[PDB]
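**Student:** The primary structure of each chain is shown beneath.
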Amino acid sequence: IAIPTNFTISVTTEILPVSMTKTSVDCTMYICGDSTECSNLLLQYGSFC
Amino acid sequence: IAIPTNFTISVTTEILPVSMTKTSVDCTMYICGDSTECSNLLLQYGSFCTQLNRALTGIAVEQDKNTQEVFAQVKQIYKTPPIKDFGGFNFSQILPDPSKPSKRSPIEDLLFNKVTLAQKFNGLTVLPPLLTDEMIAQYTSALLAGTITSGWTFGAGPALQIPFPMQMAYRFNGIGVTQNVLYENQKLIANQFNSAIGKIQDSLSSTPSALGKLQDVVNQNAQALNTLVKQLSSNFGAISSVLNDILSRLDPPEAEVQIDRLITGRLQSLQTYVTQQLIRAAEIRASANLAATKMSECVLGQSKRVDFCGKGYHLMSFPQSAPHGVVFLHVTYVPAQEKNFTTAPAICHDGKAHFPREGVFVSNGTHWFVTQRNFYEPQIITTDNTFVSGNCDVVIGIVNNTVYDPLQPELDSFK
Amino acid sequence: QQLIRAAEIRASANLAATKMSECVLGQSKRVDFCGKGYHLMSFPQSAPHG
Amino acid sequence: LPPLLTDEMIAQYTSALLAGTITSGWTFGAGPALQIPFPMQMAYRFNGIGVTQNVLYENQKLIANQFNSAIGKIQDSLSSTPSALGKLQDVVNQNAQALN
Amino acid sequence: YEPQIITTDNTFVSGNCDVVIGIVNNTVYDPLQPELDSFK
Amino acid sequence: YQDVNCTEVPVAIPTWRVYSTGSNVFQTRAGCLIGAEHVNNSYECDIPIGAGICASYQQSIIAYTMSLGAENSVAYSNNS
Ligand SMILES: *[C@@H]1O[C@H](CO)[C@@H](O[C@@H]2O[C@H](CO)[C@@H](O)[C@H](O)[C@H]2NC(C)=O)[C@H](O)[C@H]1NC(C)=O
Ligand SMILES: *[C@@H]1O[C@H](CO)[C@@H](O[C@@H]2O[C@H](CO)[C@@H](O)[C@H](O)[C@H]2NC(C)=O)[C@H](O)[C@H]1NC(C)=O
Ligand SMILES: *[C@@H]1O[C@H](CO)[C@@H](O[C@@H]2O[C@H](CO)[C@@H](O)[C@H](O)[C@H]2NC(C)=O)[C@H](O)[C@H]1NC(C)=O
Ligand SMILES: *[C@@H]1O[C@H](CO)[C@@H](O[C@@H]2O[C@H](CO)[C@@H](O)[C@H](O)[C@H]2NC(C)=O)[C@H](O)[C@H]1NC(C)=O
Ligand SMILES: *[C@@H]1O[C@H](CO)[C@@H](O[C@@H]2O[C@H](CO)[C@@H](O)[C@H](O)[C@H]2NC(C)=O)[C@H](O)[C@H]1NC(C)=O
Ligand SMILES: *[C@@H]1O[C@H](CO)[C@@H](O[C@@H]2O[C@H](CO)[C@@H](O)[C@H](O)[C@H]2NC(C)=O)[C@H](O)[C@H]1NC(C)=O
Ligand SMILES: *[C@@H]1O[C@H](CO)[C@@H](O)[C@H](O)[C@H]1NC(C)=O
Ligand SMILES: *[C@@H]1O[C@H](CO)[C@@H](O)[C@H](O)[C@H]1NC(C)=O
Ligand SMILES: *[C@@H]1O[C@H](CO)[C@@H](O)[C@H](O)[C@H]1NC(C)=O
Ligand SMILES: *[C@@H]1O[C@H](CO)[C@@H](O)[C@H](O)[C@H]1NC(C)=O
Ligand SMILES: *[C@@H]1O[C@H](CO)[C@@H](O)[C@H](O)[C@H]1NC(C)=O
Ligand SMILES: *[C@@H]1O[C@H](CO)[C@@H](O)[C@H](O)[C@H]1NC(C)=O
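Protein sequence lines correspond, in order, to chains A, X, W, H, U and D. The opening position of the first sequence corresponds to residue 712 in the authors' numbering, with each subsequent residue numbered one higher. Counted the way the authors' numbering counts, the second sequence spans residues 712 to 828, 852 to 1149. The opening position of the third sequence corresponds to residue 1010 in the authors' numbering, with each subsequent residue numbered one higher. The opening position of the fourth sequence corresponds to residue 861 in the authors' numbering, with each subsequent residue numbered one higher. The opening position of the fifth sequence corresponds to residue 1110 in the authors' numbering, with each subsequent residue numbered one higher. Counted the way the authors' numbering counts, the sixth sequence spans residues 612 to 624, 631 to 675, 690 to 711.
Hints in this document: simulated from the structure, not taken from any laboratory. One or more of the hints may lead you astray.
As the list claims (entries may be wrong) - Part of the chain W face toward chain X, derived, beta carbon under 7 Å: (1) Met1029; (2) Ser1030; (3) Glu1031; (4) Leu1034.
What the hints assert, rightly or not - Here are the simulated DMTMM-like cross-link-like pairs (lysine to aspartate or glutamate), alpha carbons at most 20 Å apart as the crow flies: (5) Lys776/X x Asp663/D; (6) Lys1149/X x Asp1118/U; (7) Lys790/X x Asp663/D; (8) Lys1028/W x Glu725/A; (9) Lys733/A x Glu918/H; (10) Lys814/X x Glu702/D; (11) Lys786/X x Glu725/X; (12) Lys733/X x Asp867/X; (13) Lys825/X x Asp737/X; (14) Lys933/H x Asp745/A.
For each residue, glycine too, the CB sits at the ideal point set by N, CA and C.
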C-alpha cells in the first residue's frame, strides 16, 4: 500500500463568460436609410422586420 | 457560534416545460395551393421540399422521446393502499381523487384549469401526442405511490416497504440530524407538512401569472404559426397575391416571372419558420433533459447538491403533471430561532487534548456541553463522544476543563 | 448567427450559475467539478462579461 | 442598449457573497446566517473529505502560509501570462467582427 | 440482513419512554456485567 | 389515413382497392387504420400510431391500446 504523509494546499483559476452585449438593429432604417420609395417598396415584402 | 434551536418545514414549487406541439406542414400545398403550373415550376428548384419535410418530422419525433425520458422511469405501476394511516401525514392533495371524472388530483385539476390554450389551415396540421394525459397521470401516480410506500429503494432494485415515519427519520439522519429529533416531534412535523401543502394550493390559485413558463411556449408557437399563415397574403413584388388572378388575367409567357417571385418569397418564409422551430426545439430539449435529471435525482432519491431541489436542506419531492410540462413540490428543512454561545476547539483534561466525534463544544456561561451542528441539544462531556490526540501545547484555543469516565463510579462501587 | 451564439452563451451562463450555487455556497463532492483535487471552498470574482 | 446592472452592483453582489462565505460558512445558503470562527469552518471542511480535525489544529500555521502563498501567486500567474482571459476576449472579438 | 444482539454499543439513549409512540419493550444486554460478576 | 373521419376513403383514393374500403376499419384519434384488427388485450408498444395506440404483428396486424406496465402493489403496514 501507499499512504501520503504530507499535503499541499493549492488554488486554481477558472473563467466562464455569462453575458453578451445587448444590441439592436432597425430593419427599415438599415435596408432603406431615409428613402420613401425604398420604404414603400419594402412594405410589400411582408413582416420580416 | 450560533446554533439554531427550532426548525420549519417548507414546500416550494418548480415548473419546467418538457414538450412542444407536434406539427407538420404540407410543403407543396402551402406554396402552390393545388395548381399544376406552380408544381411544374417548383419541380425545378430541387429538393428543398423534402429537406423541410424531413426536418419537421425529425422535430416532431423528438417530443415523444422527451416525454418518455421525463416520465417513463418505473418498470412497474404501484398502487396506494385502500387504508391510509401514514402516522399523521396527509397526502389527500397530491394523491388521485377516486370520486372525480378522470383521475387527476385536485392540484393537477387546478393546474389544468389555470393554463389557457387549435384550428385547421391550408396545409398545416397537428399530430396528437403519443401519450395521452391519462397515461401521464398514471405514471405520476405510480411514482408517488412508490415513493410514499417504499422510499428510494424502488429506484435501485425491488421495492421494499417501510413505515413512513421511519423513512422520514432516515431522511433527517441523512442531513446530520439524529432520529430522536423527528421521533420526539412527530405531531408538529405532521402539522407543518399538512399546513404547507394546504397553503401551496392557495398560492397557486391566487396569483394568475403563477405558471408564466408553460404559457410562453404556447403563445410564441401560436404567434409563429399565425405569422406564417399571414405571410401568404403578400404581393412580394408581383402583380397580385392570388395565383388565380395571375393565371387568368395574364397569359403564361410573362406570368412565369410573377409565379417565380411568389414561389421564392413563400419558400423563404417557410425556410425561416423551419429554422426558428429547430432552434426552439433545441432549447426545449435542453429543458426536458434538465427536468428528467431533476426527476431521477430528487424524486427517486435524496440529493446532496446545494440548491438543486429547493432552497434549504432537501428532504424529498413530489411530481405533478402539467399540460406541457411537469411541476415539482420540493420539501426542505429550514432552521430558525437561533441563539449564540461560546466555543473552543478542544478540551484539555489530564494534560491531553480532546476533540468531538460529532458536534461542537459549547457552554451557556459556566458549564461546557457537546451538541449537534443543526439543533441545540446539549450533552455531558464523557469519554464516549471525545477522542484524544496529542498534547495541549500545539493547539491554540484550548480551555481548562474536565471529562468524566462512566466506568469509574461502577468500578469504585464494586471494587 | 446571433441566435445560435446567444444559445451557447446561455448554456455557459447556466453552467456558471450551477458552479456558483454548488461550490461557493457549500462543499461539493463531485470529482473534478471544482478544481483538481479534494475540494475545500471557492471564492467568486467579477469580470467584464463573466 | 446599456446593461441593467452596473458593474458597481455586480461588485456589491460579489462582496456580499464573499463576506457571507468567510463569516458564516455555508449556512447562509440554507437559512439564516450563523456565526462560526474561520479555523473551525476549515476544520469542518477537512472533516468533510475524510480527514480528522487533528491535522488542521496542529498545522494551522502551515495551512495559513500555503493559502496566502497560493493567493499571492495567483496574481502573478494571471498577470504575467497574456493569453489567460481567452474566452471573454474571444466572445468580444466574435461579436465585433460579426457586426463589422 | 445480518442480525445482531442488541447491546449498549450499537444503541444510544435519548429522552424518556413515554414521549415517543410505537415503542416496544425488550432487554438490552450490557457487555460489562459478566466480567463484573467474574471478580466478586 | 391521417386525421380523416373516414367515411369517404374510396372517393379520397389495382391492389390498392384491397387497402381502400377494406373489411377492417378502426377509427382512432389520429385517423383510421385499414388492414388491422382491433384487439381487447394490451401489450407493449410496437410501431406507434398515436393517442396511445400501437400496431404490431402477431399472420395478421393488430391495433391495440398501449400498456404502461405490470400492475403491482406493496403490502404496506405501519410496523413491517
Ligand atoms: C510538508 O510540506 C511543507 C511544504 O510543502 C513542509 O514545510 C517546509 O519545511 C521545510 C523544512 O522544515 C522548510 O524549510 C520550508 O520553509 C517549509 N515550507 C513551508 C511553506 O512552510 C513541511 O515540512 C512538510 N512536512 C513534513 C512532515 O515534512
Ligand atoms: C418551534 O416552532 C413551532 C412552530 O413554528 C412552535 O410551535 C408553536 O408553539 C406555540 C407555543 O407553545 C404554540 O402556539 C403551539 O405549540 C405552536 N403553534 C403553532 C401555530 O404551531 C414551537 O413552540 C417552536 N419551538 C419548539 C421548541 O418546538
Ligand atoms: C448553564 O447551564 C447549566 C445546565 O444547563 C445550568 O446548571 C443548572 O442551572 C439550574 C438553573 O440555574 C440549576 O437549578 C441546576 O442546579 C444547575 N445544574 C447543576 C448541576 O447544578 C447553569 O445554571 C447555567 N448557567 C447560566 C445560565 O448562567
Ligand atoms: C480571540 O480573540 C481575542 C481578542 O480578540 C484573543 O484575546 C487575546 O488573547 C491573547 C493570547 O495570547 C492575549 O495576549 C491578549 O491580551 C488577548 N486580548 C484581549 C483583548 O484580552 C483570544 O486569544 C482569541 N482566541 C484565540 C483562540 O486565539
Ligand atoms: C489549564 O490547566 C493546566 C493544568 O493545571 C494549566 O497548566 C499550568 O499553567 C501554569 C501557568 O504558568 C503553570 O505555572 C503550571 O505549571 C501548569 N500546570 C501544569 C500541571 O503543567 C493551564 O495554565 C490551564 N490553562 C490553560 C491550559 O489555558
Ligand atoms: C415495559 O417495561 C417495563 C419494565 O421493563 C414494564 O414495567 C412493569 O410494570 C409492572 C406494573 O406496571 C410491574 O409489575 C413490572 O415488574 C414492570 N416490569 C416488567 C419487566 O414487567 C412495563 O409495563 C412495560 N410496558 C408495558 C406496556 O407493559
Ligand atoms: C386530510 O386533509 C383533508 C382536507 O380536507 C381532510 O378532509 C382529511 O380528513 C385529512 N385526512 C385525514 C386522515 O383526516
Ligand atoms: C450574543 O450576541 C449579543 C450581541 O449580538 C451579545 O451581547 C451576547 O453577549 C452574545 N452572547 C454570548 C453568550 O456571548
Ligand atoms: C398500526 O395501525 C394499527 C391499526 O391502524 C394500530 O392499532 C397500531 O397501534 C399502529 N401501530 C403503531 C405503532 O401505532
Ligand atoms: C364522423 O362521422 C361519424 C358519423 O358520421 C360521427 O362520429 C361524426 O359525425 C364524425 N366525427 C367527427 C367529425 O369528429
Ligand atoms: C371486446 O371486443 C369486442 C369486439 O371488438 C367489443 O365489442 C367489446 O366492447 C370489447 N370489450 C368487451 C369487454 O367485450
Ligand atoms: C409478507 O410480505 C408480503 C409482501 O412482501 C405480504 O403480502 C404478506 O402479508 C407478509 N406476510 C407476513 C406474515 O408478514
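**Student:** All hints are to be evaluated individually against the structure, with a verdict given for each.
**Tutor:** So, going through the hints one by one against the coordinates:
1. About 9 Å separates the beta-carbon of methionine 1029/W from the nearest beta-carbon of chain X, more than 7 Å, and the hint is not met.
2. Against a cut-off of 7 Å between C-beta atoms, the interface hint on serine 1030/W holds, since the closest Cβ of chain X lies about 4 Å away.
3. A cut of 7 Å between beta carbons decides the hint on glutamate 1031/W: the least distance to chain X is about 5 Å, and the hint holds.
4. Interface restraint check for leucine 1034/W: the shortest CB-CB distance to chain X comes to about 5 Å, inside 7 Å, so the restraint holds.
5. Our distance criterion of 20 Å between C-alpha atoms is met by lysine 776/X and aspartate 663/D, whose separation comes to about 15 Å.
6. Proposed proximity of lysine 1149/X and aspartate 1118/U is contradicted: the alpha carbons are some 23 Å apart, above 20 Å.
7. A distance of roughly 26 Å separates the Cα atoms of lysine 790/X and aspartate 663/D; the hinted pair therefore is violated under the 20 Å criterion.
8. With a C-alpha separation of about 11 Å, the suggested pair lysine 1028/W and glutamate 725/A falls inside the 20 Å cut-off, and the hint holds.
9. A distance of roughly 53 Å separates the Cα atoms of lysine 733/A and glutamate 918/H; the hinted pair therefore is violated under the 20 Å criterion.
10. Annotation: proposed proximity of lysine 814/X to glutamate 702/D holds, straight-line Cα distance about 17 Å (limit 20 Å).
11. The straight-line distance between the Cα atoms of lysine 786/X and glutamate 725/X is roughly 26 Å, outside the 20 Å bound, and the hint therefore fails.
12. A threshold of 20 Å between alpha carbons decides the hint, and for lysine 733/X with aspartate 867/X the separation of about 15 Å falls inside it, so the pair holds.
13. In summary, the hint linking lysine 825/X to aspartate 737/X is not supported, as the alpha carbons are separated by about 33 Å, beyond the 20 Å threshold.
14. Our distance criterion of 20 Å between C-alpha atoms is broken by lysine 933/H and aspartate 745/A, whose separation comes to about 57 Å.
The structure does not agree with the numbered hints 1, 6, 7, 9, 11, 13, 14 stated previously, though it agrees with the rest.
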